[PDB]
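The chain below stands alone and is given in structure tokens; this is the form solved without the named molecule.
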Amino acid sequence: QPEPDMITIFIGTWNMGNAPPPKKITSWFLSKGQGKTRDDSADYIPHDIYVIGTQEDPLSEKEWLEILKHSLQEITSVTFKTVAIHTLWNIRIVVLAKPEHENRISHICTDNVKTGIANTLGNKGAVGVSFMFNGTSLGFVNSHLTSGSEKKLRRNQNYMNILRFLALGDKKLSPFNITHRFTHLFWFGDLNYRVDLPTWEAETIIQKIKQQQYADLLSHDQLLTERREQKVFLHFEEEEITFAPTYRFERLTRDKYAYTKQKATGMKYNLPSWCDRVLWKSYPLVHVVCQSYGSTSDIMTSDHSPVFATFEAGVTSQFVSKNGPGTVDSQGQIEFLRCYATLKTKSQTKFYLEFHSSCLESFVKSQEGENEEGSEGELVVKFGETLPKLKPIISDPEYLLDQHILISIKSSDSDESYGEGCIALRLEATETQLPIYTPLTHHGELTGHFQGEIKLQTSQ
């Protein structure tokens, strides 16, 4: 029974509006409705992993698990296994996997983050799950961010609190937040970003939606504009949106957007918006392809429509050699030439690097770099040819070329990371000096860059 080198992953997000679901929700798991939809010829083919995020979910965990599992069994005739379920208030994540994957999945983590303070603490936040699938780390975040058209900055703040404080994945990766801990990270939810057009334009917006003309709406979508100004979700991907806004509908039809201010809305307008989203971030040069992104048309119990997205995702096997794991393989090495970090900091500590990777027995600390002043004001930290030679546990190029090295640049004074990044070992050549590059972030914001050259020796 061969190990897979690809799997498919379903992501769903649905703000249920505190209402029980209708009796049939299969269109959601089949990626049928509006947008980029899944071919009918695939309907009986199960995804490997299903990850369901709900918000305003009124059900118990038991009640929702029975609906989900019976739904998938009806579609596929497979009885899925529950990997994890975690709920914060009415925000929930369920991970289901095909039974054949049970002994490929390990290191399951769950966590939540509550956003806001006082007034603003008590219903928004995020839940998440991570696990290993053979050699591949997977992370999943379902967030319900702050509502309201004039609160995009609050949403951005909620995002940074969630990536800082959600504790998923390998705790030994201490310098790294969730945006660096996983081969593949999926972040979805009722992100609550709105179409920022004047209230007076509500009927015009509705007209455009009926004509399936989304371009002049998407150009005012706050998530796309905030991402283009690098205010949120830096280095994440989203498929093109080709479905109608998923909020705010009159319940029990999809014929009507309910946008006008009401006591029930706190006298706020809810112009039609793409509240409900799926984004991802994968390590460099790992296969990830979105194969569907859309909304259902026939699930009408909520004022939101469910959103689906599906992905092909590259995975690797749990590699054993005669040498590693449990020792090094002297036929392998990773070297760095002419490396330097460019940092945006105004501070003047010395800095050192840490290299973290599951291809190493443990993380490696460099010597301190040499600080110089850049020509446009910057701090440049030069390592030259001074970085330690890294000794991977396995030298076989079929393993090593699939690995990644996380880098943190840390203050000598405080041992605090000033920037984190990731280098792929999927090189064009071995035993050859080749340029490498990563942006550096801290708390998910850009703090600098790391560049130089690598020389990778494998057993071939």
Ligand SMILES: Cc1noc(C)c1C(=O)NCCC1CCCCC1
Second form
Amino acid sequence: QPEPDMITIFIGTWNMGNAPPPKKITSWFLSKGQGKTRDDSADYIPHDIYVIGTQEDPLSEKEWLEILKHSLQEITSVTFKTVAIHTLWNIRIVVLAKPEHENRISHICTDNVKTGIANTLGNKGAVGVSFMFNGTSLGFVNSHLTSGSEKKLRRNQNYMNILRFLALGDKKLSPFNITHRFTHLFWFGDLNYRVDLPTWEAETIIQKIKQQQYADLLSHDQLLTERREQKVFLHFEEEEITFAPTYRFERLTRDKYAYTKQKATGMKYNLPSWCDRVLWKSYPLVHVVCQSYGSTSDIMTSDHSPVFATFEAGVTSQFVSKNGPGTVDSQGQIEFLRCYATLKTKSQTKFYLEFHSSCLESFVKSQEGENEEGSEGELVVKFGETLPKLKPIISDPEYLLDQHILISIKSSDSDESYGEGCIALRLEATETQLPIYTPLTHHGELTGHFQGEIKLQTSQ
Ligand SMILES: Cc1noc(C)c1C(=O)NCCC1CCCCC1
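With the form solved without the named molecule in hand, show me what the form deposited with the named molecule bound looks like.
Following is the full complex, with the preceding chain placed first.
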């Protein structure tokens, strides 16, 4: 029975509005409703992994697990295995997988982050799950961010706190936050970004939604505008939105948006918005294709509609050679030529690099680079031809070309990372000098760039 080189992943996000679900929720897991929907001919084909994020979830873990498993059983005639479940307040994540994957899944981690201080600590934050699927690391974050049209900056701060403090994946990757720890990272939830148009335009917005004319609304979506201005979710992807706003509905129908200010809303307007979202970030040159992104039309117990997204994701096998794991393969090497970091920092410490990869027995520290002044004020750290030759555990090109090198640039004075990035080994050629490049981030914000050349030697 061969190991897969691709899997499909279902991502669901639903703010349940503190109400129990209706009897039937199969449309969610079938990617049926509005937007980019799944072909009917696929309805009986199970996804490999289902990741369900809820917010304002009033159910116990047991109660929701029974509903989810019975739903998937009805669709697929497969009894799915529970990988992980984790709840913070009323924010929950469930990971289910086909039984055939049980011995492919390992290193399961869960964590949560509580956002805010005092007043604003007690119901918002995030839960997450990570695991290895054969040779591929997968991370999943369900966040419920701060509500209200005039709090986009708070939502951005919630995002930065979650990616800094959520402790998932390989703890040995100490310089790296969740935005670098996984081959594929999916971040979803009630992100609570709104369509920023004047209150007086509510009926105009409703009109546009009825005509399925979303362009003038999406051009005011706060998540899209904040992402374009590099204020949040830097280096993440989102499929194009082709479904109606998923908030705020009158319950028990989808015919009416309930936007007017009420005591129950704190006298705030809730103009129709795309609160409920799925984004992802995958390592460079790894296969990831969104095959659905939409909302259900027939699940009406909440003031939000459920959102679905599905993905094809490339995965690799748990590789064994005669040599690695447990030794090097002298026939393999990774060389860096003419490398330099450009940093936005005002500081003047010396810097060194760390190279982290599961193709190495352990991480590799470089010598300090040579600081120069860049023309337009910047710090340039030159490594020249000084970088250590990296010795992978396996030399087979079928393994090595699928790997990635994480890079941290660290202060000699404090040993703190000033920037993190990632280089793919999926090169156009081996034994050939080729340009490499990554942006560098810290706490998910841009701090610099790393560029140079690579020379990869495989056993072929
Ligand atoms: C989808 C769906 N949603 O609700 C219901 C009920 C279904 C359904 O009929 N599933 C049958 C699954 C089968 C397995 C493989 C081929 C034979 C059929």
